[PDB]
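Novice: Based on the sequences and whatever the hints tell you, model everything.
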Amino acid sequence: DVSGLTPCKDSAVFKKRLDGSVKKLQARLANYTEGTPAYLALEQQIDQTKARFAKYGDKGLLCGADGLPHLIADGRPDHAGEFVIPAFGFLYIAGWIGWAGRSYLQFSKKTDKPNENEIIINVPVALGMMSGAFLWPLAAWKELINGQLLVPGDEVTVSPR
Amino acid sequence: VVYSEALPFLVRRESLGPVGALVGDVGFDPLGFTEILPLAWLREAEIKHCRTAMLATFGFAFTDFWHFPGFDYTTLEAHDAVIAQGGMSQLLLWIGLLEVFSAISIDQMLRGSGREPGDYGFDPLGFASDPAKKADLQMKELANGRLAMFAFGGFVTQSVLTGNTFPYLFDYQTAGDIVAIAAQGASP
Amino acid sequence: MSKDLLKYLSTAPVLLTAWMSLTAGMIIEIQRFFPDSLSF
Amino acid sequence: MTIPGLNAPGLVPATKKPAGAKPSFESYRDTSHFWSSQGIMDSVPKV
Amino acid sequence: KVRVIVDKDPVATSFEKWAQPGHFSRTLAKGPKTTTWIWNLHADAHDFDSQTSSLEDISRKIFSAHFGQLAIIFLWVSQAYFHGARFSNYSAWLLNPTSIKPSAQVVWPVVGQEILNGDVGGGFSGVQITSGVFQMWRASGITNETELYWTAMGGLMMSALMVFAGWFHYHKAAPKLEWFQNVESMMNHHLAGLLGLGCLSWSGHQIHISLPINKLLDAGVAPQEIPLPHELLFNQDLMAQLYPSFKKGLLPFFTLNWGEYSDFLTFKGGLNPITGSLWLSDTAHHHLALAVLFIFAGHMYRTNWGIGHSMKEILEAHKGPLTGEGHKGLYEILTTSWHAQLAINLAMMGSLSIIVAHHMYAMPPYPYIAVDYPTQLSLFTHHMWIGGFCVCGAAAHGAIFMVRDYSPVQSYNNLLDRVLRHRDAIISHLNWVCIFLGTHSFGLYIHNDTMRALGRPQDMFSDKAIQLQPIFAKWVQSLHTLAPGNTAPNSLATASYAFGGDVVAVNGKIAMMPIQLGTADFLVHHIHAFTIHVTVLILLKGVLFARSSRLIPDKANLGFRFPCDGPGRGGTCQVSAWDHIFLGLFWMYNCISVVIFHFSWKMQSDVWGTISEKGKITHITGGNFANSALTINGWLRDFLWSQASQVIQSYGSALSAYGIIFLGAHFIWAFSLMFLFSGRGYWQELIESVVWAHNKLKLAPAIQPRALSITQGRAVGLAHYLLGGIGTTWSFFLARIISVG
Amino acid sequence: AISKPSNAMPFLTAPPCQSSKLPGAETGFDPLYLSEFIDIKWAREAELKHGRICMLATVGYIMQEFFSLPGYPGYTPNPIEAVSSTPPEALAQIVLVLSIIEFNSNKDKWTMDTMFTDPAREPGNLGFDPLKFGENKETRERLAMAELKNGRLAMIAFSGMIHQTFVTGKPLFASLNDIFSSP
Ligand code: CLA
Ligand code: CLA
Ligand code: CLA
Ligand code: CLA
Ligand SMILES: CC1=C(C#C/C(C)=C/C=C/C(C)=C/C=C/C=C(C)/C=C/C=C(C)/C=C/[C@@]23O[C@]2(C)C[C@@H](O)CC3(C)C)C(C)(C)C[C@H](O)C1
Ligand SMILES: CC1=C(C#C/C(C)=C/C=C/C(C)=C/C=C/C=C(C)/C=C/C=C(C)/C=C/[C@@]23O[C@]2(C)C[C@@H](O)CC3(C)C)C(C)(C)C[C@H](O)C1
Ligand code: SF4
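Protein chains in written order, with the authors' numbering: chain f, 24 to 184; chain D, 68 to 255; chain j, 1 to 40; chain V, 53 to 99; chain a, 12 to 752; chain A, 19 to 201.
Computed, partial: chain a to chain f, Cβ under 7 Å:
1. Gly-42
2. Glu-125
3. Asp-130
4. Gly-134
5. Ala-713
Hints in this document: simulated from the structure, not taken from any laboratory. Think of the CB as a built atom: it goes at the ideal place given N, C-alpha and C, for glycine as much as any other residue.
Specialist: In structure tokens, the structure reads:
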């Protein structure tokens with residue numbers, strides 16, 4: 024398709040890797056007798072291996088000459104699921120985390136004992152901040168527009184140049 | 068000098084409290100567990116064990132005779148059979164909800180809420196509503212439950228030892244003569 | 001579960017361990033139910 | 053299914069053996085959950 | 012009199028001081044103002060003498076902490092027994108010990124880790140263990156899983172009892188300092204009561220449960236048919252059938268016809284040919300004799316009754332011309348200061364761990380443990396590391412005593428004063444010894460490398476060019492070999508086959524073999540001595556120069572651990588005894604690493620291996636130690652490079668976990684170098700830049716972040732360095748030995 | 019001898035919710051005392067939201083087994099399977115509409131601190147009352163208590179239907195018939 028790689032479903036090296044893993048598992052299967060927990064666990068494991076390989080074949084992943092999936096991170100929407108959608112998911116989650124932390128810090132700084140609140144978390148309001156950080160992109164934008172996000176630098180400690 | 072009314076050769080301990088704060092105080096505590104553990108906790112455990120032993124011995128005796136159509140197991144194998152079926156999981160779940168609430172009550176009682184040792188307030192039918200009968204009924208509850216612990220222990224142990232259904236008595240006790248007077252031999 | 005023990009459970013390390021425990025369990029259960037997800 | 057009382061009896065009489073000799077100690081100790089190897093291996097949770 | 016005297020309800024039971032984090036110290040109780048507060052809360056957690064001045068309170072805290080630790084240890088014994096009960100193949104191994112790989116751990120299938128449940132024989136998939144617990148249980152006589160389950164439950168009960176005891180002895184009835192300072196009665200009860208009765212009880216257990224079960228197992232009776240221990244305990248007819256002397260009862264004991272018990276109480280020596288381990292009758296006689304010895308020793312010190320010794324008088328009576336007042340004041344020092352006792356006890360514990368490591372491999376005590384090559388290597392290496400760590404802890408707490416609890420009014424003109432008054436001579440002479448020993452021992456290796464690279468084997472310090480034979484070690488080995496006839500006539504075999512004698516072998520694998528000593532052994536032994544001497548130099552200098560030095564006359568005022576005393580005097584860096592320990596830990600690490608490398612290579616090349624029916628002795632590496640251990644190039648090639656194959660090629664196999672841990676320990680060892688080489692000033696400035704970045708966004712924390720203190724940075728670097736190195740060696744040894752042996 | 023016990027449980031102390039003016043406050047059912055930690059107004063808002071959602075959901079669950087939209091793609095009486103069977107765009111549009119509704123109804127009030135800042139804001143009173151049942155103040159207490167109780171019963175009931183269909187693999191009343199069938 025791209026970069027000289029081929030789809031994993033039509034990849035002879037990918038099929039041989041699957042066959043080799045299957046043969047390895049079946050070879051180690053000889054030690055255990057039929058019906059034992061170890062035998063059934065190995066049967067489950069080989070089923071899982073075959074299911075994994077079939078899923079990679081169906082998903083449209085590209086396999087190189089080495090016969091392993093290669094993720095194309097260039098922004099093409101054919102391979103969006105490789106990076107772009109996981110990237111958006113992580114960015115949303117990390118924003119949630121940082122907004123919860125920042126908002127709880129803003130609450131705690133106004134508390135009578137912020138130093139002790141830093142260690143001992145006020146859990147009832149911490150849960151509220153964590154829940155309310157779900158809408159961080161609009162909340163952060165609102166704080167940006169109102170000017171309550173970036174303190175003016177004329178108000179931050181700075182070392183003698 | 069106050070001597071324990073159950074063991075008159077031992078002095079009362081001290082941690083047992085005033086003589087009679089607890090119904091049944093016959094001063095029976097030779098090993099002095101009240102020094103290590105608090106009396107309220109010990110008494111909550113006592114009443115829990117009493118009630119559970121009562122229900123257990125009655126259930127054992129009942130299951131020896133009658134069972135529901137689905138459960139076709141004897142009393143001994145009922146535990147394994149209904150774990151395999153899944154009913155004992157349901158009992159554990161619901162009794163665990165009840166026991167979490169109970170544990171919250173024990174925590175509050177020990178920290179000083181005011182709740183008595185085992186007073187859950189369960190009194191729908193109105194037994195013991197009159198304060199005059201309440202102490203007597205507490206003493207009767209304790210007596211019956213403390214008997215029921217030994218009852219259930221004997222039930223289970225004799226049941227497994229003999230293999231007989233209700234009486235938990237050996238075949239010679241049930242069939243032969245346990246009130247004989249003619250000279251016996253080597254075996255029953 | 002007095003207010004002091006609730007405060008102790010609210011302390012920073014206990015809360016860190018509890019939350020990271022829940023997070024790791026969440027990740028591991030997502031792995032069990034949707035295993036081998038080298039894609040979306 | 054068998055609703056107890058509606059489409060089936062309620063309490064059903066149990067099956068019982070009419071007396072018997074004492075089972076040997078090793079007969080039930082070897083099957084007990086705590087003093088048997090197989091009993092210990094079977095005395096585990098399930099899911 | 013020696014008496015029980017305790018205060019009742021000294022401390023209330025409440026979670027308020029759980030909530031208050033830094034309550035224990037006056038400075039920490041204020042609350043945080045910087046992140047260094049958080050670190051100091053952990054650093055000063057168990058520094059009881061800094062928290063409270065009362066020696067009584069310190070002793071009570073220590074006593075209950077000991078109880079908590081014993082609870083943890085009982086939970087650990089419980090985990091071992093319970094995992095053997097449930098998640099193991101102990102029955103299969105008991106049936107077929109030689110072929111079955113012992114395993115008592117199972118991973119769950121989640122993210123592909125299920126391969127780590129490798130083929131361990133016995134129809135069981137799991138992680139192979141190397142702790143020797145299977146052999147321990149076989150020696151103890153455990154033949155079923157119900158026994159393992161029930162002893163695990165007993166261990167849990169004991170752990171609960173220990174937690175209860177720790178709570179009770181601090182919150183309800185705490186002893187007094189008068190009770191704690193009864194050292195004479197403590198020694199009496201620990202000798203006769205703990206050690207003596209422990210040995211007596213274990214001897215009884217062996218004689219009654221271990222000898223019959225193990226003898227039947229060696230005969231061939233499968234574990235199912237073995238009579239149970241309760242049957243064996245009282246069935247005297249069966250015990251007479253097995254050991255005929257039992258039919259005579261205890262009359263041959265009460266009368267002094269102890270020779271009648273010769274069958275089950277022996278001085279055979281050597282190793283049992285069947286199991287390739289020590290005779291259990293020999294072990295029973297051993298423990299009985301030790302029980303008698305300890306009970307005899309425990310009746311020495313004075314108590315409520317007139318008989319007994321006073322350690323004060325014994326010490327005060329020992330004073331010589333070259334020692335002045337002698338041992339005067341040491342009784343009071345060791346009765347008043349916990350740190351001095353901790354120092355002595357840690358030193359002896361560490362030396363005992365090392366002696367254990369040396370003894371177990373040469374005299375395999377448990378059945379089928381000698382053939383279990385991973386077990387021997389793992390136990391030896393582990394006990395060596397624990398011993399080194401304990402020795403450095405001993406040095407650290409000696410330094411702590413010197414800084415805090417030392418006093419000239421007490422220790423005037425005694426041995427401590429006289430040692431401090433010529434510490435300079437001591438350290439200078441040890442410095443010369445270290446230079447001489449290191450120069451010779453390492454320059455012999457370097458010479459060998461130089462001549463080999465110059466193509467001059469005839470100029471080597473080899474076994475055939477210039478021999479450095481350990482004549483004295485060879486003489487001692489010969490004496491031990493000839494001992495069973497001349498100097499130990501009642502012994503029927505040598506104490507250990509390492510000195511000499513026959514080649515003990517179980518199945519094809521070799522249990523024990525005579526270990527030859529040549530030029531390579533001479534060189535590596537002198538290397539060991541050099542490393543030990545440098546470690547002693549660092550630690551002894553730290554202990555002696557904790558009070559003061561020519562550089563800092565008032566070093567005691569600064570404290571035990573402090574960063575420095577400024578850049579003055581050209582630099583006063585790491586002057587503290589704490590920093591001396593920090594440097595000595597690197598050196599004991601090097602010492603133990605070289606010791607375990609010597610052990611691994613020597614046992615793989617000269618002892619471990621296989622012997623065929625004719626007697627073709629084939630070793631794991633092939634005897635390459637005697638000719639390749641003469642050069643550092645040979646050490647790098649034939650030991651590290653040669654044996655790293657089984658680690659690096661472990662991916663895709665059950666040892667792939669060892670491969671991952673190999674890499675991770677490498678990573679942590681390298682990560683440590685950041686802390687070890689870098690300094691707080693740079694890190695604080697970097698944190699200032701990051702704090703500006705946070706303050707620009709209105710989220711700079713109330714607890715201001717700070718770079719770690721200097722002592723903390725040194726500690727973190729040392730901890731990461733030790734973890735990385737030890738984990739690297741751990742993964743390497745385990746992967747190599749499990750793959751090849 | 020508890021001075022102020024919970025009404026629901028006389029053996030437990032009164033939670034903060036019991037001494038409150040919310041509808042259903044005269045029950046005191048809070049063994050875990052989550053009203054002390056959680057703001058009671060926020061908790062009641064969430065309670066009513068979940069109850070409303072689930073008392074829509076129970077009716078949807080029972081009636082999806084019997085009735086279908088005429089010729090709707092991917093119908094299955096088992097709603098669990100029917101979710102996957104049905105077009106994803108239908109559920110996407112439904113979720114988008116509900117997101118719009120929630121956003122517009124809770125504009126600038128999505129958090130514990132942000133919401134209930136205004137004193138007039140009542141828990142669950144999102145202004146939705148076209149028919150104006152609340153203007154008749156006599157029946158307002160009845161309707162509020164009824165909403166609360168029916169929402170609670172519906173949360174429980176929807177859990178029941180969902181997990182019963184998980185157990186059996188058949189829809190709700192099919193499984194009910196199989197239970198109440200011949201031995
Ligand atoms: C409260 C959360 C919080 C927030 C909002 C930020 C924000 C920031 N940090 Mg980070 N930081 C945090 C905690 C946080 N930090 C902590 C605890 C540490 C100590 C380990 C650091 C150490 C640190 C360094 C050394 C640097 C940053 C940098 C940055 C910036 C880039 C984002 C980034 O790469 O993060 C990196 C994130 C980390 C290294 C780890 C974060 C730790 C956890 C996962 C998050 C903490 C959440 C907290 C527990 C929430 C409690 C709330 C709850 C009670 C409701 C940005 C200003 C960089 C910068 O200056 O860029 C301009 C930078 O160089 N941070
Ligand atoms: C602490 C260690 C220890 C212990 C506990 C024992 C225990 C025992 N040894 Mg000894 N033994 C030991 C060390 C020990 N030994 C050592 C070091 C040696 C080497 C010198 C020997 C050498 C030796 C020999 C050669 C023999 C024993 C034997 C015995 C038994 C003696 C019985 C007796 O004297 O009752 C003492 C009785 C009392 C103090 C009176 C109280 C009685 C109580 C109430 C009875 C309780 C019974 C019990 C709970 C229930 C059993 C029921 C049954 C149906 C199962 C007993 C099993 C004999 C034996 O049986 O060998 C198999 C035997 O021949 N031992
Ligand atoms: C009998 C054993 C023993 C005892 C009772 C003590 C007791 C004490 N030591 Mg210690 N010590 C010991 C052994 C012992 N030591 C050993 C073997 C060493 C040599 C390394 C030391 C070296 C040492 C020093 C140098 C100092 C002490 C100090 C102290 C005191 C305070 C310690 C504290 O609060 O730590 C609280 C506990 C911690 C801070 C946690 C430590 C965590 C370590 C570093 C890492 C653990 C890694 C883990 C095992 C593996 C991680 C795996 C990874 C994959 C996650 C206290 C009196 C201090 C003192 O007296 O100051 C005045 C002090 O400066 N000790
Ligand atoms: C390979 C690395 C290395 C080396 C070579 C040394 C060397 C030394 N350390 Mg160690 N040390 C190391 C790593 C090393 N250390 C590390 C990483 C640390 C940090 C934890 C320390 C921390 C440390 C401390 C704190 C102490 C030592 C001590 C010593 C000395 C031991 C005496 C000795 O045997 O000297 C002899 C020299 C050698 C063994 C090197 C090889 C010598 C051969 C014969 C070559 C000769 C060459 C020729 C004559 C000259 C050059 C030829 C030509 C170019 C002119 C010595 C200077 C102790 C000391 O002072 O001892 C008295 C001491 O107290 N070290
Ligand atoms: C009181 C007390 C306590 C207690 C207690 C105890 C021990 C209480 C015990 C209560 C007990 C033992 C209660 C059993 C109920 C059984 C039921 C409802 C059975 C349902 C059965 C059903 C629904 C069905 C059965 C089936 O066979 C049917 C009919 C058809 C077949 O096709 C198969 C199936 C399986 C489907 C505390 C909390 C410990 C402490 C406190 O201090 C005091
Ligand atoms: C109090 C109140 C109200 C109320 C109320 C009411 C009626 C509440 C009712 C709650 C109710 C009815 C709650 C049921 C829970 C059931 C559970 C958790 C079952 C688990 C079942 C499980 C985990 C089953 C598991 C298994 O099947 C598996 C998977 C396979 C089998 O091999 C084994 C078994 C069988 C074990 C009002 C009146 C509505 C309003 C008022 O204002 C306030
Ligand atoms: S770097 Fe550390 S040791 Fe060196 S002068 Fe500065 S503070 Fe002292």
